[PDB]
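Of the protein chains in this complex, one is absent; all others appear in place.
Letters A and B mark the chains as written, and numbering starts fresh at 1 in each.
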C-alpha cells in the first residue's frame, strides 16, 4: 500500500529532492523510487525534503543547526513512524486515520491485519498498546500455525468451521473495530480484536487495561479485565458532544471556539 | 550454539548461494561465514536462498514479484527472528523447540539464560511476553549488579547463599521451565522463572496475565496475579489428550485425522 511517507511526499514534496538522514533501508528505497533522493549532507528547505530513517536519526537531525528552518511533515518526516501524527487525514494500510492521531507498531499491525475499520481525529494511543484477535477456542487445538501442515482438503474444513464460529476467531465474521476521536489509550493496554467492535468517542483506556468488550463514548476504563471507572462528562454533555463533533471542525473553527474546547462549562453554554 | 538461520541453511540451502536482502549486520556475517553469499539483486529460487536481515526487509522482499516463487523456510528466512516458527523441531540456545512454535525476544532471552527446559509443538507465544526470574529476597539488598563490586571473597559468600535459597533466585537450584504443546500466551503476559516449572500442554495464558505458579494442562489463566478461569476440556478428554499427544503426530497423521482435530467430540469418539 501507500506508506505514510509516500502520502506525505505526494502532498508536500513540491518538486524537491529527498535528503535521506540516516542509513537507507530497502523498504525506504522502494518508497522513494518515484522521487529524486540522495544522502543528506548540507540541507536547505528550498531544495530538500529531509527523511530521517529512524527516530534515532530524527533526534540527530533536530539537534543539528540545519533543521531550524524545517517544519514537521511540510519539510521533514521520519520513515519508520507509520503511526505518527499528521496534520491531514491519512490512510494506514487501508484504515482511515484522523488528524493529529498517533499510535505504535501494534496498532499499525492491527491495521494491516484488517482488525480496524477507522481511527478517529485527535486520538492518542501509547506506543506499547496492543490489539490482537483470539485463536479458535472450539477446536481440539488452539494453535494457528498447525495449519501450515494442512493440505487443501484439511484447510478447507478448518477454514469452514472458522466462519461458523460466533466467537470470531482471528476476527472472522465480525465488523472491524472503530476507534473514535479524542480517545486516549495508555501504556501496555490491550484491546481484543475478536470481541471488541467499538472504542467510543472520548473513551479513556488506562495503562495496563485489558479491554474485552466495547467501551462506551467518554467512558474511562481501567483494570484486568477493563471496567468502567467513571465517565468524563455528564450524560447530557456526552449527548451534546456526539451531536456537535468538534473533532471534525476545521482549524479555523478550532481556534475560533478555543474557549469552549478548554472549558466544558462554556461548551455546554454554547452548544448544549 | 547454532542460530536459527544456520540450522535452516544446514537443512535447505541445497548448494545454492545466499542472497542477502537488507543491510547486513555483524552477527549475520558471522552466521554466514560457512556459506557463499552476496547482496541480493535479481534472485531465483533455483539459484538463491534469500535471507531477509530484518522483519522490515522480509516485508519488502515479499512485496517484490521476484519472491512469489520462494517458499517460507525452504527458500527464504528472516535472520532477526530467532523465535520464528519452523516446519521442523529446532534448537534455541540448546533449548529444544517443537514444530510450528513461535515466540518473541523475551522468550529467546529466557532460553539463553537457562530458564527454559523445552518448548512444545504447535505453541503460540505473543512477541511481547516476558519471562524473568526473581532476585534474592532474603538478603538486605535486592540489587543484582551490586555484585559487580564484590571481590572474590564477597562473591563467594553471596553465591553460597543464593545456592541454598529455597525460593530459587535467578532460577538457582530449580528445574528449568517446560512449556507444553498446543499452548497459547497472549500479549504482555509474564511468567516467573523462579517459581514456575511447567506450563502444561494446552494451557492458555491470557494477555496481561502474570503467572507465578505452574499452570495445569489445558487450564486457561488470566489476571494479576494469574488465576485459573476455566479448563478447555472435561477431565476425561484432558486425560485422553495427554495420552494421544496429537502434537507429536506426523504431518500425514495430522491431515488424516483433521476431522478429529477440528471437532473435540469426534476426538473423544475416536480416541476416548
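Everything below uses one rule, namely that a contact is a pair of C-beta atoms (placed from the backbone, for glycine too) under 8 Å apart; a residue touches a chain by one contact, two chains touch by 3 or more.
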{"item": "Chain not shown: contacting residue from A:49, A:158 or A:246", "value": "A:246"}
{"item": "Residue of B:14, B:63, B:154 or B:173 touching the missing chain in the full complex", "value": "B:154"}
{"item": "Hidden partner chain, touching residue among A:21, A:49 or A:70", "value": "A:21"}
{"item": "Contacts of subunit A with the absent chain, listed as residue ranges", "value": "21-23, 54, 56-57, 59-61, 63, 85, 87, 99-102, 122-124, 126, 128, 182-184, 186-188, 202, 204, 206-209, 222-224, 232, 241, 246, 251, 254-255, 258-264, 267"}
{"item": "Absent-chain interface as seen on subunit B, which is shown", "value": "23, 25-27, 30, 80, 106, 128, 130, 132, 135, 137-146, 148-151, 153-154, 157-158, 161, 188, 190, 192, 208, 210, 224-225"}
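The working rule: only the chains that are shown with their structure count from here on.
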{"item": "Between subunit A and subunit B, centroid-to-centroid distance (C-alpha), Å", "value": "29"}
